[PDB]
Amino acid sequence: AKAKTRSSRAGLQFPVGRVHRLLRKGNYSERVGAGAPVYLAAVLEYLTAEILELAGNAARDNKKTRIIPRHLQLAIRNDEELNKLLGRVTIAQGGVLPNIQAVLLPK
Amino acid sequence: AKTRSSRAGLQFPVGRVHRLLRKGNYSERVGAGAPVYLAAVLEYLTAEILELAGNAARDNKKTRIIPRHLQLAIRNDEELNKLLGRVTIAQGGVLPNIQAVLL
Amino acid sequence: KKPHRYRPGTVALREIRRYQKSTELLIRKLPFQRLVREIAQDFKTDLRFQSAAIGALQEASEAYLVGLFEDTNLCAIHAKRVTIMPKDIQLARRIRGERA
Amino acid sequence: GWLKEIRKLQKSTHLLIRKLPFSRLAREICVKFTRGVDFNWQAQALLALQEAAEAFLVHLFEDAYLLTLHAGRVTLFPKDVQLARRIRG
Amino acid sequence: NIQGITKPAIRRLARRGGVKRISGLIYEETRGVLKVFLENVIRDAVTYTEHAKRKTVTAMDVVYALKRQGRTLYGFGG
Amino acid sequence: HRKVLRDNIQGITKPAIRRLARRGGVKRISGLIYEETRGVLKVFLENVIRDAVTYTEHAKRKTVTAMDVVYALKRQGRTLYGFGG
Amino acid sequence: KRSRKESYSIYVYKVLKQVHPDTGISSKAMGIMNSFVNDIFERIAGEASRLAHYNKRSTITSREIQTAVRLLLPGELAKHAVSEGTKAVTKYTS
Amino acid sequence: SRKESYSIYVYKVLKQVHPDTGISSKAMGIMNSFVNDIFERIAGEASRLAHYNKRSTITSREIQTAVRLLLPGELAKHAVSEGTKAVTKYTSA
DNA sequence: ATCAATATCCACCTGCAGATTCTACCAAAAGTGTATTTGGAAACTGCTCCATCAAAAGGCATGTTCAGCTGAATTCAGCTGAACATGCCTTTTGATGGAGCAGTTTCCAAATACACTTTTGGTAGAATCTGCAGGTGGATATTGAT
DNA sequence: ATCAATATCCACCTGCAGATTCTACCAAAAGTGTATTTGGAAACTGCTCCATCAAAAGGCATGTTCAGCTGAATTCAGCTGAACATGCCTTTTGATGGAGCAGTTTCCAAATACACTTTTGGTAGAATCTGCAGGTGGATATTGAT
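Chains as they are written, first to last, in the authors' numbering: chain C, 12 to 118; chain G, 14 to 116; chain E, 36 to 135; chain A, 46 to 134; chain B, 25 to 102; chain F, 18 to 102; chain D, 30 to 123; chain H, 32 to 124.
To be clear, the hints were calculated from the coordinates, so they are not data collected in a lab.
Computed list of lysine-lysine pairs in DSS-like fashion (alpha-carbon distance at most 25 Å, straight line): (1) 108(H) with 120(H); (2) 56(E) with 118(C); (3) 77(B) with 36(G); (4) 59(F) with 79(E); (5) 36(G) with 34(H); (6) 91(B) with 95(G); (7) 64(A) with 31(B); (8) 75(G) with 56(A); (9) 57(H) with 95(G); (10) 20(F) with 79(F); (11) 74(G) with 43(H); (12) 124(A) with 122(E); (13) 53(A) with 74(G); (14) 34(D) with 91(F); (15) 56(E) with 31(F); (16) 108(D) with 120(D).
All chains should be built: construct the whole structure from the sequences, respecting the hints.
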């Protein structure tokens, strides 16, 4: 009988079978339900979609066709929520957001 | 018959610590010495806090330790304070501390 | 003809814009490697290092220092100053949880 | 006057916000988040929540006050609190 | 209803914080800060309640909510 | 079998520390923040490297990997992206 | 005689091609992405593990995943994540 | 109903470090919290240690490294001493 | 500083109400003894990467000079926040039940685990592909002093 | 109002280091069937919890003087930024091996499995006692006038 992957069954790019294995191997619970790896793989794929969206934008405002860490930093930090979610996270080679305190400008 | 706590020279419960390691989803297997070691560390940290806390309780000439004494003991010790730096003790209050500039 | 000379703070602000625009590491690589190895050596002798281990440490260290400099400058501006001073770093680290 | 007040309240450990206002606010906030349900509250849940909130406010007041004194003042200003909240991240 | 957090109560809180003098606008700022705190914690705690299929917020719900926001509370069962 | 490493926190030069403060948006710099920065950087590296070396020792290795450092950073609340693969 | 390192790279690239078909990604940026996926994975799985433990349940189901997602993501992000996870689950069971 | 707790052992330890001193029921609640907390930090770290190294067993070695990673120095020294001491005592008689 | 006069602070006390300990009972948990399995340590080895040296080019750290402007100290006014007394409304404290509802307890269809076998999807190395880094040089600021 | 003097922006260009695609092998997901487990579905209870509803205790809301502080204005010494020349040490690229990370394979000290028996810890009421609600009263601050 012909094989269909659970990723296809769920309509997802991220690998459901791999996520399931990683849940088993991680000692999170004695047992793992069928729907947990689908849900988890979907959530990860969505957040990935959301970061690649904004960072691709940043890459096009910088007239670049390839996303570099700087674009990830711009996307995360300029988005209030991606910034709260990765607020204790450092992006290697990402730099910081342009910000000069006004008091420092000439007057 | 004697318990594993007795064999290891401990008041803290080795059998219980071991069961909690098994049931806590920490690893597939748990070695014989892991719960002994862990129970010992726990009893040591408890001994240290009860030590300083009794000290603080008697410096306020009280015979019974209350959260206030635990707070004083933990905060006046640099290491207990750094270990419990993100921890709030209910009914413990804060350390008496007025900035000098205000005096 | 008088030699041209910018005013104190023109070049500083120019550099703020420049480095806030960029993402390269700001400490030299080899001095940083010697620092890392010396510290490690004091913990355990004869240690080796993947180059990416040193790179990771530099990325984290530089991100940490930039961020602490941010908070330091906020503290300096709070006391109606434009110059950051050691008391500013100490206060920022204190409020952050690192000290006192 | 102010000194006695500081020494006295720092020597104590009782909750400093009155219970009924706090619990009324906590339940109101709960109902707002939950789209309007009818959720019950253990007494110990409300007391835990108030212990946490009061300790949070007291410590934010310590930090904010260090910023106050850093500025050469002894009056705590709102911008002292918000700068402390910013530096805590 | 947030005004039930009175001026003398907030003064008490800041006195425990070692504050000598208090700007008149600190009561509003304190009420707003307390509002954001309670919003965050209560959101998480009620979420723990709903997942457990309970309609009563227990102390443990609040303790979990506090622990996962890095604000560990001792003395309520965890 | 290599020349002793001494006093290398002085290799963290005055211009590099200034550059870091510029990326932090600092316009003016007191003459004593270079030493203060060197001390803060030293405590930071001591803490991270201490933990990472502990992960090295526990894996019975003589080589600090990037993962050792990533773990050290994560457990000190300073998660780094870009060094696990 | 050869190591085999798994990674999220092909799937990050698939998603990338869907949101931005003209755009590529440097290997460092991809490393940032893999770091991110592993990070959120362990945050969600960890929180779900605590949820099952708190409720004396030994199975991690999509319900514990859902509560972990609500607890961990800031709102809106959490809503849209819930939409896509629920949709993937209901599609999967048929 | 059946709620387990560390109260018996905190009371035993208290009686041996200060036989004269007692403890409030709330201070006992604080102690029980402290024990549960440190237990979950050390066991959590031990689990991450065994997993990073592709190990399925948590042994006293993973406990030792976890204690080294988690306790501030000195506190860690005495903890390592007491755990090692307790194990070697347990393994003989 | 000295008193002088006041206003709270802080040890110190009772006696007794309510918190803690003491005493038994017992399901649930720990321990025991016996049998069986297996994760991982050790002893190999192959082959990544790591260390350390070298030299060359030149980029950048260093130490100088020196003056602009910043921080620190000062002085003074006006306005804000503290210290008051008072009575009134909100909060506390106490049942009364009623009820909601959290926990338990038993059972069973639906679910999950797991060994075996069949199949791809995912990887590593290799073969292509091509974005953009670094190199110009000219426009367009921006700055600072005449 | 304007220029000289600097810097920054910005567009264009190429080829090569770094990203994308291609290709086979194989490890790991999927399919299958059977064994094991579970978390609700439904039907029990006692406990906190809330709605009143209530009666009051006591803490706060209120409005005036005033005393001390926050902020503005000002002044000057000296510190730090800017712009130099100088030369050294970082960067780059490659060598020269060697160490040690990582892959296999074998096999026991250490782990799990399981049927029992022995202890233990939790619990609830009784029997003990500790703290604290309040009441001092003299010390220890504070404030004011010599």
